[PDB]
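S.K.: Assemble the whole structure, with the sequences as input and the hints as a guide.
This is what each chain is made of:
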Amino acid sequence: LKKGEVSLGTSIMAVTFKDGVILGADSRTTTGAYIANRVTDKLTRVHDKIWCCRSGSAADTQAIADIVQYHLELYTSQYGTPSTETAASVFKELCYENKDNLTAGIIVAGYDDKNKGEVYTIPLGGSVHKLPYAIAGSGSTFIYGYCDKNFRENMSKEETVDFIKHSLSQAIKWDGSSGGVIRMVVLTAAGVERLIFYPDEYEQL
Amino acid sequence: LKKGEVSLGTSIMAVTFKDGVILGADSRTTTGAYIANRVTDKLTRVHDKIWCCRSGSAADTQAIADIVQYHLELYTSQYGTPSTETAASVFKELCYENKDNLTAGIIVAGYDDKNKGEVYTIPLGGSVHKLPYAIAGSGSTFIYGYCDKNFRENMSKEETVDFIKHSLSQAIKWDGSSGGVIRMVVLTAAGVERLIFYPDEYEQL
Amino acid sequence: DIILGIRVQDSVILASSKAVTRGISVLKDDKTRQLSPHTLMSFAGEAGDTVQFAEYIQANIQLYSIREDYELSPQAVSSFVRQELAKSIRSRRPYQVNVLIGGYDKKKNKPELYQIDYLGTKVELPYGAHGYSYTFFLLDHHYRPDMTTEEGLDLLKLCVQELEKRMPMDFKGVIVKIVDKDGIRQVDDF
Amino acid sequence: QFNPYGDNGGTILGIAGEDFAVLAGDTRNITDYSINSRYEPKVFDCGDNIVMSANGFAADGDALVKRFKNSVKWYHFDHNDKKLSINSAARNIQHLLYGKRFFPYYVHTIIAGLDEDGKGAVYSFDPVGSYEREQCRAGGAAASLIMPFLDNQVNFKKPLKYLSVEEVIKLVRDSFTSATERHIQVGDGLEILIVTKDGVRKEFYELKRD
Amino acid sequence: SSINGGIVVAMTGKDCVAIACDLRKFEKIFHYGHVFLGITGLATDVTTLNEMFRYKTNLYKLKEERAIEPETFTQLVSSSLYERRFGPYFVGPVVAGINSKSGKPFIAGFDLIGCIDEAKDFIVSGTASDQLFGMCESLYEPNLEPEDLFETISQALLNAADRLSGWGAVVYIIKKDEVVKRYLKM
Amino acid sequence: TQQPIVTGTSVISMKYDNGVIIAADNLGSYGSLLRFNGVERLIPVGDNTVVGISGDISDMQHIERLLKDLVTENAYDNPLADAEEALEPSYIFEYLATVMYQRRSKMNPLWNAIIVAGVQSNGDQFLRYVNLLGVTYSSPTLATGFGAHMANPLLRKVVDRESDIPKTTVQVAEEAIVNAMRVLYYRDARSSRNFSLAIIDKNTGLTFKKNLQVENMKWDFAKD
Amino acid sequence: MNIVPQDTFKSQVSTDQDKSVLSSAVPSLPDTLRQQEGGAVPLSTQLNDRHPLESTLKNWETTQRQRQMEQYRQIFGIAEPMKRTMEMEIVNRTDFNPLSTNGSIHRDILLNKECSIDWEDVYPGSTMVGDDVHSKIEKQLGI
Amino acid sequence: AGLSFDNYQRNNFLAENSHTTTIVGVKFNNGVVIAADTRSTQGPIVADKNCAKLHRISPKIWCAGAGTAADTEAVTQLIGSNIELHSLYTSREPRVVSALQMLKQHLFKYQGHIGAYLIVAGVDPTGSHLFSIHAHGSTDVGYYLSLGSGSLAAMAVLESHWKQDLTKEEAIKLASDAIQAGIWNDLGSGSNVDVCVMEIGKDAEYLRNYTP
Amino acid sequence: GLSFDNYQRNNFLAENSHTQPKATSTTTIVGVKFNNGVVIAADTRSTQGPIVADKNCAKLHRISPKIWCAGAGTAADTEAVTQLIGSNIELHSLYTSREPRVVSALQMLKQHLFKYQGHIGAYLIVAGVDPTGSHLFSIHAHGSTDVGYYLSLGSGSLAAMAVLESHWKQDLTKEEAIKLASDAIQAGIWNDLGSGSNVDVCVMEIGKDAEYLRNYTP
Amino acid sequence: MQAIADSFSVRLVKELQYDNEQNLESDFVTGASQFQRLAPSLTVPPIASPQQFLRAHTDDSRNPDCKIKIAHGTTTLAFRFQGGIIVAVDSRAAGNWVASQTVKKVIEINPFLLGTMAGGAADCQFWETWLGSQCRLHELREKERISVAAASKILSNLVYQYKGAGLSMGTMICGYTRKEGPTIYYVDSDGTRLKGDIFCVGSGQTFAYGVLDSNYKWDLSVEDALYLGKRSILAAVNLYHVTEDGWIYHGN
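Residue numbers (PDB author numbering), protein chains in the order written: chain V, -9 to -1, 1 to 196; chain H, -9 to -1, 1 to 196; chain Y, 2 to 29, 32 to 136, 139 to 195; chain 1, 1 to 157, 170 to 222; chain J, 5 to 28, 39 to 177, 180 to 202; chain 2, 1 to 224; chain 6, 1 to 125, 131 to 148; chain W, -28 to -9, 1 to 192; chain I, -27 to -2, 1 to 192; chain Z, 1 to 10, 13 to 95, 97 to 239, 250 to 265.
Think of the hints as simulated: they come from the structure by calculation, not from any bench. Just so you know, even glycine gets a beta-carbon here, dropped at the ideal spot from N, CA and C. One should not assume that every hint holds.
Said to hold, decoys possible - Chain 2 residues, not near chain Z, derived (Cβ > 12 Å throughout):
no. : residue
1   : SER32
2   : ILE43
3   : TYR95
Unchecked claim - Covered by chain Z, per the in silico footprint, the following chain 1 stretches (three or more residues, Cβ under 8 Å):
no. : stretch
4   : 69 to 80
5   : 95 to 104
6   : 133 to 140
M.R.: Structure representation (structure tokens):
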């Protein structure tokens, strides 16, 4: 990172369930100790059913996301709807070819007819890992054991929503860089759904 | 922390249950990436039913523990069995008065016929805090949320044993400096009980 | 390393050291370039860059004189030298260089003396000196605008005697040149 | 900042015989007090009665040898398969070494062969390209032990001029044995290339495998 | 003026020892009875050590009513060097002698804080890696006569000097009964 | 890269009379955190060649992409590239070493240690190692990282000289490598219990085993 | 697929690295009089103490266009980058105005900069040697 | 071409030799208000007691900056020229999103070496928009934003009295109160208050010295 | 006690023109505990930097006739600390008229090393027997102690630890323990450049005199 | 257009860095053009500070034989008189460098010019060989012997184009021509070109210069000049006499 540059101290969680994928995050942007923005939309839409969350430098991640969205629009103009693997490959190529000058990390959650929803993680350095679920950010370190103990394959929609809500509530509780509301995007075959949860809801869990 | 010393990177836990207290720890001592001692008894005893676990610098913590045991022997010769609060106060004074020269952190577990088991934590700096349960060490940061989601007041002995085993197993799994076996000391009215759990038992949890 | 210049009412007198480079002893002038038949340039400073700059300036001025079949005025020569010096260090670390330009404007029939430092600050002066760390005391107390050439030579001789009073045997001497209406001459006795 | 340099710690020796040349090299590869390898060639045959060896950074020496061999191949191709002389090879190696003046090779090079007079000739190259013609040249950490051993017995003014190929090989083997007995980084093996008017001969003498 | 630095060579013979030092007065070898000590390093520290050891050996002789043995002197030097643990002298000492009761020659060396380095063949101090330790090892032969040991040590000094200018050496050959001091003004 | 971020632990390999055996654990650690537990560090390239890479994960994936491209290009426009055009371990190792040296000369190295093992066409065993600086060397036993200080002493007691290779059987070498992996798991904070093994033989041809765990661990003496 | 320009440094240097200003007397050395750089600027000074942003700025738009061409090649094929490069080369080669340095209208239309202004456009950018039409003609035609 | 790097080495050589505000934006139910203080200080000294810190990119898109004043002014002017040319080319009212994209790309091109931190408010046919732009090329969206040295007091005032449905008068009063709190409680802020109100379908209203 | 004089002079000499002479920095050390005693072994080759200084070095120190130790780090510091603790142990045993215990020597060493805040570079392995049994401890230079069954130390400690992990079990005999220690020292010798030559061994059993063996391998 | 299409069609070659023409030429991949460049190309690191990198990686003495050789430069003195130019150097050295012939401390640029070696030996050897090639090409082109001033200026420009890069060399070009007479120039790596009559370079330059200046005369004899040079050398021994017909070695 560069001096005076904004860093993304977030809490990101992508979970794959029986009917698709859910990507959730908090909404706090900090400047060390002062909260610059209490409400932020960290869920970035790259394609209609391909979303991502960013960590590291804000400017570099925004530029990479814009370039990837442009690339996916070009791809869609030719071959129709792309796949999560293609978007992850483009993200990985951009991050790895520019890791000497840009600090960026991505979590990509997608859905397609062939693959039925997938999660990819690209940490700092530019390596892509395909996982059933992924957690990232400053608060993610406080919920490693909790997520490991309470994850199942092919869960229902409500079970996955509750799992993400509990895990993100704990991450917000123990981390000073995690904010009030929890934003989740559900990508399934029916469509894209957006959910928001307030502190008065999950703090009483 | 003086250069070239030994750091007590570990996973320390202490849980108060209906019939007393239980103090648990791992058995790994590392110097960088090399495990210097894979069988280490970190459950230091300062009195017949007053035990402690140390973190920071090994030499400073050992000196402080020796002085505290000397102090408690003098107290027992004069007035009898001390309470856990007195031992915690001596630990806090020793850690606070030398915080500019010695780096030490202690978790003190105790039992007596009046208070019926107590847990105190003295982190780096010298402050003291009394809690229903305590966790410390480099590997503790990964179980915080878990420890906040599975602790109940007045648990039975078996429930506390299982809770400590699961939490320490997760901390061992996610921390590079935590490993080996799990050692637990149960302090109740009956007496002092020693428990050891091997990797093949807690890794299947 | 000291370069001196005195502008008397009808002439310019430029004085320079003979030769010194590293700790190598040589017998052997390499610090004065004849830019024009009535314009002389004396350069002091870092070895290696100053000579290249002086040769570049001399080549450009000779090319201009050949093209126009005319002698450029000392003021224009000084302005060109200042511009070239400022351009040379526009993309690199500056190097120590001090230039004294002495000429005789034929159109106005007036001697002129200019000094340019390492950053390219051209200043018109009645007298100038570089390399001495002072010597301006004699150049200020005993200077007149109407001094003759003999008086200027006497003042320069006094300055040279002052120099040859706190220096080791390495001080070989002083080379002196005079620019006036008859052209450029070299002084041997003084 | 990334450090791209290193050392492998070998030992080479080149002797110019009356009608031959000898180039011998030791095998050892250890770093940070840890044993890595003990077997790796150190003397290469470049053809045209030229033998070359490079001691120092292993990758630098390998790259230099590869470049020289490619240059020799192109010289053969573009000059009707004309044989290359020893002095021309020395000039080529000097130019190759000095082409990296500001990114120098961390190696020392010794070549040997026969000139137009049929007499053995040995050239030693400085890391950046300074080359010279010498009768005997020892390079490495064991040179300070090999060279006095050679100077004690033979004379470069039994005179070296009358020494035989077998005698010189025996002397080199005994010198390496003495260095092994005194030093601690010489052993495993000794690879020797002998250049005569009949060609190049390879001799691998097995020292102690410590 | 300069003086700092030097070389000391100690070798063991059959029933004798040889201790040699270089020389341009100021000699690096001093005797405290039948024990010899050669110190390399700063001249100031060499003089300080010589004065301190003369003091201590005189007191030892006055109390014990006997001369000090090489082993006891070695232990004394080690302790005295370790006393200045955090302010150590920039010296390397070498002790040679003959035990007056058993006759076995003794040679030992020390670092700057008194770590005893006792060798049964030879000891080199000052420079032990350029051209001295190797040549001494090559020229060493166990169980030599005093004349053979003297010739060996003189040859070693000459070889070290070659690897010409103003050069001298002081050599002490110590037997159980008499000691011979020689110069090498060559 | 300037410095690695996610790294592997170590790869150990040795020769036996009929081939080679290589092994490496499965773990990707993010600093002091054991983050990923599904990383495979042994890549079977071709028919009878295995490459083990330890170090930065992104550079390891780049090298895997290079190896896949090499395999595809070798068989490209060659319908008979299966018997006489099959890639030999020497060619793959030479390519990798040249790439590493060229990138080192570019001041942009690959932070990896590579071990190439296999059986040549004429049945000869091949086992060589290269690092980020481009320096390569060969030995009957090879290891990287901490395995170069603990696993190597254990393996050299079985194969200490070249003449010891014909005397070493497959069972002995496999047992020695398993013991070395167990020892590494004992005394390495960054190590993992799970590991993968690959046996390259001149008769059977190849045997790749995954999901291997360290067993027969002795912790009873900790009771005292 | 670059974003910030990369590999902007030079691997090797030489005295005749600029063939356009070679001295006629010694073709292996540069001609300092025709360089008109002040006469005291060795090439070595151009290798050290440079602003860490000059290379990024001087190679930014080229890097963006190369990334765009790479994306077109990946998605559309070889024909699209081939045609774009062919059009750009044809436009650039057929324009020769020695008295101006401003770009042509067609070049800006092709680069999609008809209504875009940057500091390069606002600040486009005496000598006795090498500033005439003949020098530019020789440079253009390789004479 | 472009910004020059000449005399960089000379400037470094000279340096080695010893040779040497409150802004708020509030989004209300039918538009956006941007307010700023009017004091310019050259350190401790008050250079000007009435300075216009509200700059205009488009007739209905305004911004206020902090950081390096010359960089902020130059970048705002360049983006205004680009926006005017784009609107002339497309014959359409400029959008705040277009200005945001141009600013973001220009700031990311220079990798943070152009120091300009902006609050950009505007109204276009798609609605009302308010953005905060960092010097490194990162942009954020919010309902109420603050900037400058007095931004903490302004943020406290905004957090105290902000609601979803605000009228024009309430938004103007809230912005004025935030700027007043910044003026009183911060040494770098003082003097008067400048306001600019932008509604949907109406001309931008620019009030200098709204509260003296 | 230890003098701090000429500290400023030494710093000035180091910073202006002079180089302080180096101190010997000592090399594998191992300790193995068997059912009725302990064995402590050490390598015998000492090298002055890259040059071998001696092929037979006695790195085994004696604290009590049945309590021995082997040290790494600064050789002078190790020897001085061991001798001082041995004198204290002898005086304590005379005062109490009882056989000294390993725990007492451990306490003395730990307190002395913690007094100097790590400025004394001695890393020790201390083995012994006493009326309470057989004991083996490791002592760090900063004053921290650890208890174990088999311990290794020195430059070649990793190879020795690998050998110990390979061939150690709870029930071992004297001969098996000696062989295991010798094998660990041999591995440290072969696979590291810091160890060589012979091995010094000291075996301490319950109820028997301590047995000291020099050059066990020949 | 076909080349454009080829340039946009596709990894293994890219990692080998063989897609660059310079890498192919330096490795002789496609030809021997690397040995066809009259002006040699020098490799520099592709980093922001090549100079400090080279200085740090050169001032690191770890291997005696991996260090850059430095010329002896004990005492070299050159002077001119009516009979030509007399140059005197020291034949002083051993160091495990036993050779058939003595080390030549004077570079034979051509049968008419002599070049003194000082500072870095490799730089002097390489650049004076290059200078000799340039002078031969100039003589072939102009059908006349190149003047010493021209060669000295060529060398000065060459060493100035790499000023501060890391070159460390100082040479004294000595020659005799019918056009000019006897000429001696001094050129160092800084970029200083100095014409002179008496030159003394080395550790004992002061004593030799004093001896020369004590008994220096323009009108002398060849024997007197040689004896004076030898005496000046011995005050602190190879001799060279340069006349219009060339240089003759008078070593003793």
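S.K.: What hints, given by number in increasing order, does this structure fail?
M.R.: 3
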